[PDB]
Structure formats: structure tokens, C-alpha cells
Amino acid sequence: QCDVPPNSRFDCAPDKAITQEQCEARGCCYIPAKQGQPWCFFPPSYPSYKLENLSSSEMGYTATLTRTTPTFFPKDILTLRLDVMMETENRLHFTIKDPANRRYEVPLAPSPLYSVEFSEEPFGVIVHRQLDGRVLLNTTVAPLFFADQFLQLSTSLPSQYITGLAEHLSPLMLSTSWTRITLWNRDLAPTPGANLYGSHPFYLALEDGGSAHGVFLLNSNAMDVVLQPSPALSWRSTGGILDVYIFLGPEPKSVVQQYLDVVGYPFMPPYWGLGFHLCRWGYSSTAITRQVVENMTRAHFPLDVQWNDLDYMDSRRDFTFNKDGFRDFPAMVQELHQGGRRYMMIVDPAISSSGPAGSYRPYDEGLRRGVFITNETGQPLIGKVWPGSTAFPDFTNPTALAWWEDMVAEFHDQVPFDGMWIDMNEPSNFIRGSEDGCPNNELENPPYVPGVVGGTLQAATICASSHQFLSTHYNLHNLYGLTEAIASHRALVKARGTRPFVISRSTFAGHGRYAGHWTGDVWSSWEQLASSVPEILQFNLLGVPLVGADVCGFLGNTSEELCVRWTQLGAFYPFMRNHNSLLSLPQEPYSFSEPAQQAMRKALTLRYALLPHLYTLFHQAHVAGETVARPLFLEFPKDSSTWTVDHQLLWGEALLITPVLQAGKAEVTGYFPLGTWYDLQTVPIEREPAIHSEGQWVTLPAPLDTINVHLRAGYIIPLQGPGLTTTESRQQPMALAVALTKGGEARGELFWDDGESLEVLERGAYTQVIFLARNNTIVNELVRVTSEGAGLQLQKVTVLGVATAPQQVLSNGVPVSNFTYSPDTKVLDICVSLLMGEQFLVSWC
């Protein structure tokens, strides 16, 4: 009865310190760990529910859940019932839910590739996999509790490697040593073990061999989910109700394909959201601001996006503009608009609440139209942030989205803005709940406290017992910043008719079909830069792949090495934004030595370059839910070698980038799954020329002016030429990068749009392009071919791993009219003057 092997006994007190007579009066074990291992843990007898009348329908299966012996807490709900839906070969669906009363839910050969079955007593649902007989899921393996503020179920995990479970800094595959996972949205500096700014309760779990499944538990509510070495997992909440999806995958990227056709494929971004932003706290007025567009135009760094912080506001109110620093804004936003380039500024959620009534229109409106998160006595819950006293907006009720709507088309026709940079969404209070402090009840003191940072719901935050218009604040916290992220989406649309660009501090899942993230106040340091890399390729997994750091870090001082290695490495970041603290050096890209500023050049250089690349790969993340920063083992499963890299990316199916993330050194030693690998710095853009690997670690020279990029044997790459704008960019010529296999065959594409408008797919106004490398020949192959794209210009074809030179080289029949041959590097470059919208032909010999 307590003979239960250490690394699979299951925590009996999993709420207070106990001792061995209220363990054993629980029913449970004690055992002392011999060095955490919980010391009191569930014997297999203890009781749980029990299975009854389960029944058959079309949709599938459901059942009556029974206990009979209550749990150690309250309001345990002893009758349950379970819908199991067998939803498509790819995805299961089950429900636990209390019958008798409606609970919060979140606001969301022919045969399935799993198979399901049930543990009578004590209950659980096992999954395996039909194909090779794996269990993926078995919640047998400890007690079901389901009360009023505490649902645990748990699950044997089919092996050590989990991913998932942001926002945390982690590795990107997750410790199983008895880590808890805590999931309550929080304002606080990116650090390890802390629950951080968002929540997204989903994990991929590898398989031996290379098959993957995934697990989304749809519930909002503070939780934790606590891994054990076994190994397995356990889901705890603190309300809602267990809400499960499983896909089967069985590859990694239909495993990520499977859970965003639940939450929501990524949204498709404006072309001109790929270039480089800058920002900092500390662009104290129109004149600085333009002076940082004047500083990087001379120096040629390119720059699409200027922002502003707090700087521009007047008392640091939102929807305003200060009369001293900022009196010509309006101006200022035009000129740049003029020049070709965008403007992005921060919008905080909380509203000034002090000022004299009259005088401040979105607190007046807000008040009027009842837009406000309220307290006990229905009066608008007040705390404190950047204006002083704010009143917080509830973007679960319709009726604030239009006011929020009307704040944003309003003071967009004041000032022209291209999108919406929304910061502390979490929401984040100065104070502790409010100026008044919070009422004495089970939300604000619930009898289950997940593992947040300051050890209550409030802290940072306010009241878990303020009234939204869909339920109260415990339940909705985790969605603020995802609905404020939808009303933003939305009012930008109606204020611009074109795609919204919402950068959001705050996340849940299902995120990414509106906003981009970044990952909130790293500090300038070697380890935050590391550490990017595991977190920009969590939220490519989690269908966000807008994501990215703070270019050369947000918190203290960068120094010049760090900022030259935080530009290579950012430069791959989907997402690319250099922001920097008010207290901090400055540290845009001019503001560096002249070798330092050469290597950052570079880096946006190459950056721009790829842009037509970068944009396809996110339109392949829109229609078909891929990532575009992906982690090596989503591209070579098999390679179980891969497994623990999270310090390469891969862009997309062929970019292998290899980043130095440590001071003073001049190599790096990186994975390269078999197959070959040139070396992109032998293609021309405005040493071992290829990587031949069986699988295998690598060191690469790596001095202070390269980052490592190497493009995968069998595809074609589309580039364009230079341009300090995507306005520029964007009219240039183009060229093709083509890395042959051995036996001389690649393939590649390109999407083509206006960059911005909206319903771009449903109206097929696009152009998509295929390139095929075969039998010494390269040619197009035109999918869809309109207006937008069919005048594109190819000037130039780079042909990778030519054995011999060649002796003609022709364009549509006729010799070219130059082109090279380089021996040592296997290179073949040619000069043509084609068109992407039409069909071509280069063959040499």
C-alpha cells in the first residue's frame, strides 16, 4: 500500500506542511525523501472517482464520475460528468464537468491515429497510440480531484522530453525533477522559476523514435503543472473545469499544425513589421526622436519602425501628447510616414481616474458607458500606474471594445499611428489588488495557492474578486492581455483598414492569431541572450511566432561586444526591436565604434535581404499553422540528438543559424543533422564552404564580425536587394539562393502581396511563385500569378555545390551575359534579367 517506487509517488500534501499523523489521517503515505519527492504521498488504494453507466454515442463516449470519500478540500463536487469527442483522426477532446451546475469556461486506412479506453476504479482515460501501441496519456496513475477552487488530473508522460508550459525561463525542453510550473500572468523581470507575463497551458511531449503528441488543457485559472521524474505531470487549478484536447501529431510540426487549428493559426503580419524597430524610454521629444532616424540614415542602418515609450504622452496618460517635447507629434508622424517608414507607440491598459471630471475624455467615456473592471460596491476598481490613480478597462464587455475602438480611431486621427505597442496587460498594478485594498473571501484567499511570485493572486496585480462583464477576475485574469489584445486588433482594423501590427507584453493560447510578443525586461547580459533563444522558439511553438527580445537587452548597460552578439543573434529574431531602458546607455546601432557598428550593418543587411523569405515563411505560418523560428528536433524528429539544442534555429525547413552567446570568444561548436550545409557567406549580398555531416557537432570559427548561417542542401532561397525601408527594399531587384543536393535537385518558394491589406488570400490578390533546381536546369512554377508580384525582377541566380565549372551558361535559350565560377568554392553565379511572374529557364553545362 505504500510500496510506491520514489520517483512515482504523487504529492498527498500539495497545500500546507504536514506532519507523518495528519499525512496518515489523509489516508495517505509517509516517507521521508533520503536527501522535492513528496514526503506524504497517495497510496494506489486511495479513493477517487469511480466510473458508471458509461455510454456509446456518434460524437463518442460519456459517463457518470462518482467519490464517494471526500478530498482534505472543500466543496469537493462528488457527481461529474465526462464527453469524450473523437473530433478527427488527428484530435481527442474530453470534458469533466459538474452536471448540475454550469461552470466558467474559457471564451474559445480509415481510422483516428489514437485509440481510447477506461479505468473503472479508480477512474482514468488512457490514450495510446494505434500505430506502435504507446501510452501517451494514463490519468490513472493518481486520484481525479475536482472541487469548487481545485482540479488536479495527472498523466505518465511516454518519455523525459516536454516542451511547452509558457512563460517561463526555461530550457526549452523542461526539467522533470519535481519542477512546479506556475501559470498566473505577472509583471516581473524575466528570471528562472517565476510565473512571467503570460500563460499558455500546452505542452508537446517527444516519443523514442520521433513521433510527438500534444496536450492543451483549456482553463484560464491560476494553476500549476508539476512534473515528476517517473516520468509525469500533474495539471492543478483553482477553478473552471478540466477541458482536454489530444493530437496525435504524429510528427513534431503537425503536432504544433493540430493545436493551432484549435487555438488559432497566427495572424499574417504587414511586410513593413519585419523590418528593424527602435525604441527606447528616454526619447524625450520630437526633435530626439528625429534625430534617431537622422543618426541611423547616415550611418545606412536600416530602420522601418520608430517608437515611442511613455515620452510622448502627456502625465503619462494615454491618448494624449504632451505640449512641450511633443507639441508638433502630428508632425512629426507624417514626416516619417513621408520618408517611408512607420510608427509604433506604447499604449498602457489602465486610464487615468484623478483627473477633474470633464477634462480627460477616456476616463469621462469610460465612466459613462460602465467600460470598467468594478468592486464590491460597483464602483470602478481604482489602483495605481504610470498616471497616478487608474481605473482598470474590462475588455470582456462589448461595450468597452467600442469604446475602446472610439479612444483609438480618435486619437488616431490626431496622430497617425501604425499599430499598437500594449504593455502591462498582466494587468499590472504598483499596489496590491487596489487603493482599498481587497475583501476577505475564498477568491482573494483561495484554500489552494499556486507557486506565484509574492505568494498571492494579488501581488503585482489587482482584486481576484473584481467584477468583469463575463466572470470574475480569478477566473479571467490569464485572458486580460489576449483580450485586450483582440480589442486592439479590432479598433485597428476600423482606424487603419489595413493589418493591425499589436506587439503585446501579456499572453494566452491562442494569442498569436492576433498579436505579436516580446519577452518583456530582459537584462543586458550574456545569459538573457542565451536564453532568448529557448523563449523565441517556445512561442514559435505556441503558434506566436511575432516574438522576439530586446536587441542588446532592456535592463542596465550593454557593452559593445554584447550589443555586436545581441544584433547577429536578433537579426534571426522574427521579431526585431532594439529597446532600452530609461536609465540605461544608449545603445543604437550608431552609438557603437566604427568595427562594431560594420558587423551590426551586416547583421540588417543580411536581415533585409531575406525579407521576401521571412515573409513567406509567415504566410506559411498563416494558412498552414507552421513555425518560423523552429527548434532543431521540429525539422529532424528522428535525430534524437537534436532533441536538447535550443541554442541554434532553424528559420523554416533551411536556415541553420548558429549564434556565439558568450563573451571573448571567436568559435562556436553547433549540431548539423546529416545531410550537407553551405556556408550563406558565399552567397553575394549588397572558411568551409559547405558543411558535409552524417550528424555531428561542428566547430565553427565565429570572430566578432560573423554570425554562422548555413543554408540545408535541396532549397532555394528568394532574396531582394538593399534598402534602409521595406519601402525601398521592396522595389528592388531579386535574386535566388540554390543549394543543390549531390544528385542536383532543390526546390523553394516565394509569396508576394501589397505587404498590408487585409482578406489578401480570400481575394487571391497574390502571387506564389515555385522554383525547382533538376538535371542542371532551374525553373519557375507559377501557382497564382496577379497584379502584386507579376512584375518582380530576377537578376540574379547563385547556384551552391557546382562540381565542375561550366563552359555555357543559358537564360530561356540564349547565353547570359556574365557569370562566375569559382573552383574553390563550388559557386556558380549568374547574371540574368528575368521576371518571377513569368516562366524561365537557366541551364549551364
Contents of the next structure:
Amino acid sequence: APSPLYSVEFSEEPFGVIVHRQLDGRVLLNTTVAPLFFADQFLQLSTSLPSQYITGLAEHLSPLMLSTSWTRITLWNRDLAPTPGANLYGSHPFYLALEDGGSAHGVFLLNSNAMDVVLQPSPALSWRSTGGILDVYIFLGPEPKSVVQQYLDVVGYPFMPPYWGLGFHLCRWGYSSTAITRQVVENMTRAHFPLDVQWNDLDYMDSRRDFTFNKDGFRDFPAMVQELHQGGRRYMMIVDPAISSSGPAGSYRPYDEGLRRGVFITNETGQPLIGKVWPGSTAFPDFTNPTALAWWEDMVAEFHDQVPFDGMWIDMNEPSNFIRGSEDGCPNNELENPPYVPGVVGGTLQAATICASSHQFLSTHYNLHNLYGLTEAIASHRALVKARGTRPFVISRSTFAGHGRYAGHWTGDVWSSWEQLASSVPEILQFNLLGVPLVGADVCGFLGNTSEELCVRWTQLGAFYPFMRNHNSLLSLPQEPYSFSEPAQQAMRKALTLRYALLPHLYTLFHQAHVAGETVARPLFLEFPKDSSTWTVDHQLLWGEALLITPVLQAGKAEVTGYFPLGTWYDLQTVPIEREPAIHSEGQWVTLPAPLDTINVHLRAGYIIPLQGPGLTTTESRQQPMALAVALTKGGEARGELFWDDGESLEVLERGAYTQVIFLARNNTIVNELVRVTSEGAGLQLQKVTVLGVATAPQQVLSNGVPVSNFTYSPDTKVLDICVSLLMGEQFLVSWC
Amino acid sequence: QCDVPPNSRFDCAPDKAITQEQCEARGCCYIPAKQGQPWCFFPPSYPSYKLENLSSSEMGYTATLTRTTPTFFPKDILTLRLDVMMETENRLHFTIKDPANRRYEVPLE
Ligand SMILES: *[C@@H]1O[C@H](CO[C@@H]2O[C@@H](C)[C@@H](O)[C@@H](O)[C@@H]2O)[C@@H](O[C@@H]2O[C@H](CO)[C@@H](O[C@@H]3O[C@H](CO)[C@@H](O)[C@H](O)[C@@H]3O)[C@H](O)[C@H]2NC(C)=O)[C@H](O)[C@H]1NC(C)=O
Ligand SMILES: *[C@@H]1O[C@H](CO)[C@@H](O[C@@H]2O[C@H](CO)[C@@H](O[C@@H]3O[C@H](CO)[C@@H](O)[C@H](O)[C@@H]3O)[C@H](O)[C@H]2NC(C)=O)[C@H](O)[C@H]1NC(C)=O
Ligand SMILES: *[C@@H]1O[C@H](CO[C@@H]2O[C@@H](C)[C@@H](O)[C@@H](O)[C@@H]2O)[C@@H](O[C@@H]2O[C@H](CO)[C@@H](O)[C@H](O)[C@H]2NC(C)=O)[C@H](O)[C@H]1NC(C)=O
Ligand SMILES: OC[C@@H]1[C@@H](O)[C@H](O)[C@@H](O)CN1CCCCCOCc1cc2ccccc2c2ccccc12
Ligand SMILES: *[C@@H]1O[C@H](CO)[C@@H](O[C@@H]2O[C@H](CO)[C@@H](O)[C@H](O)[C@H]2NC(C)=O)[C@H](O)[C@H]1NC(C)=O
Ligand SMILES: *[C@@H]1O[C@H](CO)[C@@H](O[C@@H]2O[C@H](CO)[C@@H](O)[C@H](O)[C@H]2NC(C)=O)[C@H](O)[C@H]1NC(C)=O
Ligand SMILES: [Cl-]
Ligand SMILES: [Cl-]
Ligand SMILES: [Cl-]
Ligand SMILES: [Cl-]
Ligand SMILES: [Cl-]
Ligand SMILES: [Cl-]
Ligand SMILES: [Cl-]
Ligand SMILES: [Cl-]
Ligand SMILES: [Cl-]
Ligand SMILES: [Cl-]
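For comparison with the form solved without the partner chain, provide the form deposited with the partner chain bound.
Up next: the whole complex, starting with the chain shown before.
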């Protein structure tokens, strides 16, 4: 029947907006519960919540489901190592609220001011903002996955990363020469560890300045990067927003040209606000100024002409300041000293950043602060498109709602601790719900020293982060895969091998995120919302609908207990890649064996996943034959898909420059359905079909009507492994009986 | 008027440490927690905005909101405009703005 999912009514006095779900009459929003405040620097709007289950309101170190026990959540972008109760690098004023029975809705407050969000156990929520207007969107779902898609309809669907961006990334603070940086690639290669992308931190720079490289350790920087490209790898390096202001006039083009074009945030007298960051005195680019965008495009393109980097790692874009406000302090006014200061670390909007009353092209820093990182990511996305002519790869510390349309994120300066390994799962899930699916934590942790056991477990779980980078602090002990004992190296290699085998699937999941507003890493409650036992699960994750990952997140464990929704879950260990074979769950907790060399991964019955053969890079792996893993229902059914393009071109979906194939298992047959076949995808070789849940040994296996060269059946695991010679882009029929 | 269940008490002193006398002078209720929950909270009669001139548009609704008693914050905007837009079957959108002054809005496409 044509009608909205919502109905709206108003309270006259006191004023309130009341939103019902039409289908069951549930009250979703009711702003009559508390007074409306609307003062120049204080907005407060409250509502009842439908349940005690609410997620969102990044960026904080917390469970996926937020506490309603008088919790104050502060949105004010801040450079601080992740710790509970603190405003961190990003701000996302969106929540998703679950309703009894498994429906959900979402609320977005389109407001970029410093804010507190207060949750109370009635249950209820109060938005408390320090400026701007109330601009409120309600998304009616009813499925949690539909709420997320509807939110991303407003803020933007996730960008499509290049395929190579899904490979392994390796970085540290402290690779102090091209010789040492090359030895990292050599050492990974010697020990058969895949590595798509070598990174540097600020080591490369001349006197810690952007768009320079030192002529000591990094004299042959251009040659190093050209050599990485010759070997089939990409290169990433850190870029800071702050620009050295102290160099002799005419000696440092980024500053000299920025000054000429007026690209910087200015103060009361109209001069550049000067802070202190890595090179000493710095000015801060204003990424709301169209002229700053042109300047940034030029600085990136000119630097790319010297050193052909493949993306940008944008750090310290809160913006982070080593001193409070500016070298000259900040004026005493109502923006610097507002009537309501949200619960920010340090008790002032100025702490670890620039003056709130500083001037930007569109408004004051007071209003735009929470957009600083996002505006730099937009500027960097555009700069990289213009410089390279292929898909950009931007990884940003600071974010705001809609970030995922332009860039990915890493969760910042996490300790090498079992607690932060565990905390990374809810945080990666939270960023997926917020449309930033390209997210991960520093594998093995950033601060302090990892242990070998922690780094095995962290590599195992981290291989299921959509963005997988091992990164390490300056004073830390080394933590590259090859730096560990042989048994630890074997476990880390197996984790990277499995991730590389799954890359066609992971890429297809990113395609669904980009075209349909889907999550890549998703909590169980997004897939099984009608099972209320899933609502508090945040130490397991799904990839898409079908792949359940149950990591060990504690020292000294050789088992793990995880939730299994109703259905059959096949142990992915039964699928050949270059302990019960099936969990038959009624919706229950299951204790799994999980020795040090193991991470539990189960494939949901009814799904088919595409795999590809091995390589130490995606340049190599993308040339390998493919395989299917076919997880049959009891009834003999399964479905899956593959999206394939050239891995890096712009405007692929608009130009139709891709292949899209559906796989269907029914009645002891497997077929493909050709949605679109083009030159990109045409010669993809299918050489192996592995079928899980085959109750009896077949007498014969046919491929296109002829007995196959070879197959094996295991009566113990119920797996049928079939050798074939087929093309993804040509109709085939595989059958058994 | 002050008989509000503890979990349903909304904080009338979010801005500062307050005494019972200051709390009651704001027109709020002062009830210490027995053990967080706000001690100073709004009665159901606390002055808010009143809805006036609710009107129907092809997109949804528009109204005036009027506050007659100031809050304890400086620079209350006493006259607001409400716009309600029924944008899709699953997306409802509303704004509350100052009709007399353009205020800062987040740039969004
Ligand atoms: C609620 O709306 C009413 C009615 O407003 C009128 O109708 C609307 C659909 C719009 O077209 C309005 O632009 C239009 O004015 C408001 O009451 C009205 O207030 C105005 C301004 O005070 C009154 O104007 C006066 O009219 C008399 C002669 O009739 C003159 O002598 C005065 O100089 C002055 O122009 C108007 O009479 C009055 N109308 C009615 C029916 O009461 C009301 O203010 C508004 N409420 C709020 C809070 O905004
Ligand atoms: C706005 O930003 C500008 C910088 O772009 C600030 O300029 C600074 O002004 C201070 C004086 O207030 C200068 O300090 C002086 O330096 C000289 C020697 O160089 C010294 O002899 C004086 O005793 C004093 O320390 C400072 O040099 C200058 N900075 C630069 C880069 O020129 C200005 O103060 C800012 N305005 C406000 C209101 O914050
Ligand atoms: C991280 O470890 C480093 C280095 O630790 C030392 O060397 C290792 C090989 C290992 O065997 C450790 O047990 C050694 O103690 C720490 O840096 C050292 O810190 C100590 C005490 O602060 C200092 O006296 C040493 O001289 C430092 N050594 C070096 C080589 O820098 C660092 O403190 C550790 N970090 C944390 C957070 O524990
Ligand atoms: O790019 C490095 C690092 C990334 O690896 C990380 O992933 C990312 O989240 C944060 N960045 C910036 C770290 C800034 C720390 C400064 O901490 C005080 C500080 C440390 C420090 C350490 C070594 C040498 C000099 C300094 C220094 C000099 C002046 C003022 C302050 C300092
Ligand atoms: C929306 O919230 C308001 C305020 O909490 C509710 O209105 C109160 O309802 C109680 C119980 O029916 C009454 O005794 C009060 O007089 C009402 N207060 C006001 C200020 O009107 C209201 O019921 C909620 N609306 C819905 C549909 O749940
Ligand atoms: C790459 O691996 C080489 C070989 O293991 C490392 O070189 C050794 O490093 C240790 C210090 O930890 C020295 O004591 C040895 O003299 C080195 N051995 C050889 C054969 O050169 C090297 O440091 C590794 N480099 C990186 C960047 O990881
Ligand atoms: Cl909870
Ligand atoms: Cl290139
Ligand atoms: Cl303007
Ligand atoms: Cl403004
Ligand atoms: Cl349970
Ligand atoms: Cl349990
Ligand atoms: Cl494993
Ligand atoms: Cl064949
Ligand atoms: Cl008192
Ligand atoms: Cl007061």
C-alpha cells in the first residue's frame, strides 16, 4: 500500500515532534519529553528511545551498543590515544536504535558543532550542541541494514577502493632510509609474506616538512618508489596538514604559494594563525577555501612528479596542534569561552588544536572544526584523481559523517594490548555502520611493544579488517611478520594467505557498499536482527552475509566461545587454500577449538564465495585461476556473486567496464548467470569448485556434460572437491549424482 | 509537579554545579539521588516553545515555535521556524531554524 513507514504528530505546548512506526504504532521519536532549548550557542533536543539498544555517535572507545546509564558522549575532533570516556579523532552524529522484534530506525543530526549526547536509562537521549541549527533526519528501516543504507543515501555511499588497497600494508615510524625501507620488502618477500603497499611515516621528509624528501637516507626516494612499482607494489606516505611558516621567504613553495593565494586559516588581524607541529611554527590550510583546494591539488601533483606515490595517509587533521590555540594564544570572546563547554578532554575547545574564533572561508573554526579532517580528505581525493587519473586511496585520522564517500580511516594510536585488540572489533563494526567500511586498527598495535602471542592473534583478526595495515611507533620493538619465531611466522603467513584468497569476495563486498550502501564488516545483529541474542555481540564479525569470524582476543586461550545464529555454519578449514566440519546451530553459543595457529571462520549454508589463487601482491594474485566455495543448505541450495573490473579505473560503473556473475547451486548442479560480461573479466579461469554439505559420495561429477578430469569426496567432512577448466564469463553447468 | 521517575529526570543544571535554591529559582525540581541522575531536573511544566500556525505544504508542514520565558542560557532565539519534509517513504526530515537570521549550516549535497 503506498504510504510512508512513519507518521508524524506534534505536541502544541510544550512543543514536540512525535514519530510513530506506522506498521506497529511504536513511538520512535518523541521530543515532548524535555524542553526545546535554542540559544545562539546552546541547542538541546531530547527524545524517548524505543529500547536500551543504541549504536553510533563515533568516535569513542566503547562497546558497539552504547551504555544508557547516564552516559555523556562528546563529539569534538581531538588528537588523543583511544581511551574510554574521551572525544577522539572523529565525530558522527548518527545513531541506530533497535526495536523489540528486530526493526530499527536511525537519526542523523546534521550539525558539526562541539556537542554532547546524553543517554539516560528511561531510555532517552538529549542532543546538546554549541551552535548551528537543528537539522534532523529519521530513517525508518525497518531492517538495520536498510537504516544504514537510508543514512548513506543522505551522506554518501562508500567510495570504491582500488583492488590493491585491499592487500597488506606495512608501515612504521622509524624506517629512516630508502635502504631500510627496501629491506622491509626484501625481508617480507624472502619469508613468502604478501605485501601490496610499502609505507613511510615522516622519516622521508626534509626537516619534517610536507612535499619534501631529505637528501641523506631518502636521497634516492624517487628510484625507491619506481622500483616498488616495477615489482608490482604500491607506495603510501604520511602527509600532515600543517605547513612550515618559518623558512626563509622563497625557500619553501608550499608555504610561499599558500601565502600568495591566501590558503591558510587566519586570526583576528587577518594574518595566518601560527601553531606548532612537526617542523616548528606552522600555518593550517583552510580546506573550505576553493583556492586552498587548487593549491593542495598543485602541491600534491608537483610532489607526485618527483615521487610517484599511489595515495595519501592524512594524519593530525583534527587539526592537531602541539600547543594550545596558537603561538599568540587566542582572544577572549564567546567562541573561545562559550556558555556551555561539552565534556571535551582538557575542558576547552582549544586543547590540542587551534583557536575556535579563527577564520575559514565558509565560517569560524568553532562551526567547522569537526569538518577539518573530512574537508582535507575531499581535497586529497580530488588532488589524487587529478594527479594520477585513477581511483584515489586516502586513509584519514579525523573524520565526520559522510567521510566514507571520499576516504578510509584507521583507529589511531591504539596500545599493543589484548584490551585494544578486543576493542578494535566493535570500533571496525561501528565505522562500517557509519559508511566508512575501509577501516582497520594498526595490526599488532601502535603504542608500546607487542608480544609474539598478541601479534599472532592480532594478525589473525586483523586479516579480517577491511583495511589491513601493520603500523608501529618510533620507540617500539619491531613487529613485521618476518621479525617473529618460525611458528608465529607460519600463523601470520596463513592469515595473509587466506585474506589474499578471499580478495575477490572482499572486493565484491566493497562493490555492494559502493552501489547499495551495504556494510563490508557487519555485526551479527545487522544480519540476524530478529535474534535478540545477537544484539550485544561485538567480539565476532561477519564479512557480508555469509562469513562469520570468531577470533581469540585474550592471552593463553586455546578455545573461544562464539554465538552461532540458527542454521548450518561450515568450518572454512574444510575448503582447500594454496573440529566439527559443520556447526548445526539452533541459535546458541558454541565453544570452538582455537589453538595459536587458528582463527575460527565459518561459511553460512546457502552461500557461494569466489576465491583466487595466491600471490605476494594483487598484481600477481589477480592473474591466478579462481575457485568457488559452495556452502549447500540441507535442501541443496546456495547463491553468490562476483564483481570484477580492472581494479583501479574511475567511472567503471557509469562506463559499464566490469563483469558481474551470479553463482547458483540447486538440485546437485552449480551454474553461473551472466549479469554483465566485458573485456575486464572475460578470461577469468575457474579451476576448482569445492562443495560443502554433500551427504553422500557421488558416482559421477560432470562439467558441461563430460566427466571431470578429477574430484575427491571426503565422507568425514562431507566435502566434494572438483577440478574444472571453465571461464567465469561463459555459461557452465557442473553436476554430480 | 516534581514527582518524576528518577530515570526520566532531564538535567536542569547541565551548565554548572547548582544549589537547591538556584535550581528552584530556575523553575526546576531539586531531589538528591539516593546514591549520574541529575539532582536538578525539569518539571513537566518547565517553559519550552509553543507550536503556532501549523500549516500544510506539498512537502509536509511548517510552523512557528515561540518561547515566552527565557532559559538560563544567554541569547535564546525566542521565535523559531519548523519545516517538516516527508522526503521518501523511509526518510523524514525536519529543521528548526531562526527565520530572522541565516545561521551556520553544514555544507551537504
Ligand atoms: C499566526 O498567524 C497569524 C495570521 O497571520 C496572517 O496569515 C498568515 C497565513 C500569513 O499570511 C501572515 O503573513 C498573515 O499576517 C498572525 O496574526 C496576525 O499578526 C499580524 C502581525 O501582527 C497582524 O497584522 C495586523 O493587522 C491589522 C489589521 O488587520 C493591522 O492594523 C496591523 O498593523 C497589522 O498588520 C494580523 O492582524 C494577525 N492576523 C490574525 C488573523 O490574527 C500571528 O502573529 C501568527 N503567530 C505567530 C506567533 O507568528
Ligand atoms: C595573528 O597571527 C600573526 C602571525 O601570522 C601574529 O603575529 C605575531 O605577532 C607577535 C606580536 O603579537 C609577534 O611577536 C613579536 O616578535 C618580535 C620578533 O620577531 C619580538 O621582538 C616581539 O617582542 C614579539 O615577540 C610575532 O613575531 C608575530 N608572528 C609572526 C609569525 O610574525 C599576531 O600576533 C596574531 N594576532 C593575534 C591577535 O593573535
Ligand atoms: C619497549 O621495549 C623497549 C626496549 O626494551 C629492551 O630491549 C628489548 C630487546 C627487550 O629485551 C626488553 O626487555 C629490554 O628492556 C623499551 O625501551 C627500553 O626502556 C628501558 C626502561 O625504560 C630503558 O632503560 C632501555 O634502555 C630502553 N631500551 C631501548 C633499546 O630503547 C621500552 O620502554 C618498551 N616500551 C614499553 C612501553 O614497555
Ligand atoms: O607521524 C607520527 C605519528 C603516526 O605514526 C601515528 O600513526 C599518528 O596517529 C600520529 N603521528 C603523529 C605523532 C605525533 C606525536 C608527537 O608526540 C610528542 C612528540 C614526540 C616526539 C618523538 C620523537 C621526536 C620528537 C618528538 C616531538 C617534537 C616536538 C613536539 C612534540 C614531540
Ligand atoms: C510523548 O512524550 C510526552 C511527555 O513525556 C508524553 O505526554 C505525557 O503523557 C503522560 C501519560 O499519558 C501524561 O500524563 C502527560 O500529561 C503528558 N505530558 C505532556 C507534556 O503532554 C506523551 O504521552 C508521549 N507521546 C507518545 C505518543 O508516547
Ligand atoms: C631484514 O632482515 C635482515 C636479515 O635478518 C636483518 O639484518 C640483520 O639484523 C640484525 C639486527 O636485528 C643484525 O644483527 C644482523 O647483522 C643482520 N643480518 C644480516 C644477514 O644482515 C635486517 O635488519 C632486516 N631489516 C628490516 C628493515 O627488517
Ligand atoms: Cl546495552
Ligand atoms: Cl605512477
Ligand atoms: Cl562565504
Ligand atoms: Cl557563519
Ligand atoms: Cl544468549
Ligand atoms: Cl555467553
Ligand atoms: Cl586459521
Ligand atoms: Cl571442466
Ligand atoms: Cl545545596
Ligand atoms: Cl542561573
